[PDB]
Amino acid sequence: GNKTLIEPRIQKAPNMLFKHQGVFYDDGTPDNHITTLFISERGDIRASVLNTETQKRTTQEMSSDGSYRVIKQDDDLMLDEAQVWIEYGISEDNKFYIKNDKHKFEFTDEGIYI
Amino acid sequence: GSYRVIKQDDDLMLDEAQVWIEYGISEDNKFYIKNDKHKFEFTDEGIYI
Amino acid sequence: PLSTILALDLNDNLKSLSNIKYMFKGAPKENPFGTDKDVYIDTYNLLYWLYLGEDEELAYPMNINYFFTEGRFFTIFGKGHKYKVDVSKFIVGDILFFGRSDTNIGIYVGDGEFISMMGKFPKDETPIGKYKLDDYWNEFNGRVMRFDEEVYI
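Heads up: the protein sequence lines correspond to chains B, B' and A, in order. A prime marks a further copy of an entry chain. Read in order, the letters of the first sequence are residues 197 to 310 in the deposited numbering. Read in order, the letters of the second sequence are residues 262 to 310 in the deposited numbering. Read in order, the letters of the third sequence are residues 143 to 295 in the deposited numbering.
Bear in mind the hints are in silico, worked out from the structure with no lab data behind them. Treat the hints with caution; some may be incorrect.
Claimed, not checked - Pairs of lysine to any residue, SDA-like flavour, derived with a Cα cap of 25 Å: (1) B:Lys199 - A:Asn283; (2) A:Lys221 - A:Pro269; (3) A:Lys231 - A:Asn246; (4) B:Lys199 - A:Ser158; (5) B':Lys295 - B:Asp297; (6) B:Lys298 - B':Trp281; (7) B:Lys298 - B':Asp271.
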């Protein structure tokens, strides 16, 4: 009221997340779908859907440098040390690509490579 | 865990769409772009149309 | 006074300043008056460039927080009251505020008018211009300020 700015007490950036899960539903089967909307302190955004019992995950990740990336996994929830997976998006460098265990399909700023 | 983006021009419901375009990741590990005409698919190995 | 002379000069040159264009928070690094090329400037940056021409410098970008603690101004009328009869007592060079959250400001000129940029939000191509106070009087918010240079520093 007296012409003064309302300083925040804590100046460090927060990290948000919207974790969703349950136990069961009217079908009777156990609930095991987990999804999150995590946001990091460095500006990253990660929307993910997970089935923990079946060991499957699909993530849509945004990096602080500005890298679009969508990853799908079949046998590992962690992003590290994935065997079967597929990726597609925009890397930290300006290169559009679709890659998997086999050789990738890439679209550089000039030309088409495989 | 199936990424999918759908655009429609003449039907709000997803079911029974005539004019539409799709692209994403199906429940099976296959990257694809499909429409009313034959699709462009990128399987784990090779390139198919 | 300095502020009245600057307002009169701006009024006299208002029709030649069509190169300057409106934007929400245009903070260009080029001086509009020292360049024939068009440039997108808002009201705050405009006042900054107008005062920078002389010996006064102020500070950049000169947002709303400038008027709170810098001590360059003294209020004439407070916010939250709005009288139409006491508009005549104003003088040229008084800063006129607009919007409920200090969205935009203006410079008062006599004959019941003010100088400001008005246009659609997403970077309108309308140049600087002068409008009557009758239609904009609703969104005036009663806040008025004035300049003082002799005693500062």
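Hint by hint, here is what the structure shows:
Straight-line distance between C-alpha atoms of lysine 199 of chain B and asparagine 283 of chain A comes to about 16 Å, which keeps the hinted pair within the 25 Å bound. In summary, the hint linking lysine 221 of chain A to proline 269 of chain A is not supported, as the alpha carbons are separated by about 29 Å, beyond the 25 Å threshold. In summary, the hint linking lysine 231 of chain A to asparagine 246 of chain A is supported, as the alpha carbons are separated by about 22 Å, within the 25 Å threshold. Taking the CA atoms of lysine 199 of chain B and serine 158 of chain A, the gap is near 38 Å; set against the 25 Å cutoff, the hint is violated.
Distance hint between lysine 295 of chain B' and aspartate 297 of chain B is fulfilled; the C-alpha atoms sit about 23 Å from each other, no more than 25 Å. At roughly 30 Å between alpha-carbon atoms, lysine 298 of chain B and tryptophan 281 of chain B' are farther apart than 25 Å, so this suggested pair is violated. The suggested pairing of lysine 298 of chain B with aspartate 271 of chain B' is violated, with an alpha-carbon distance near 39 Å, which exceeds 25 Å.
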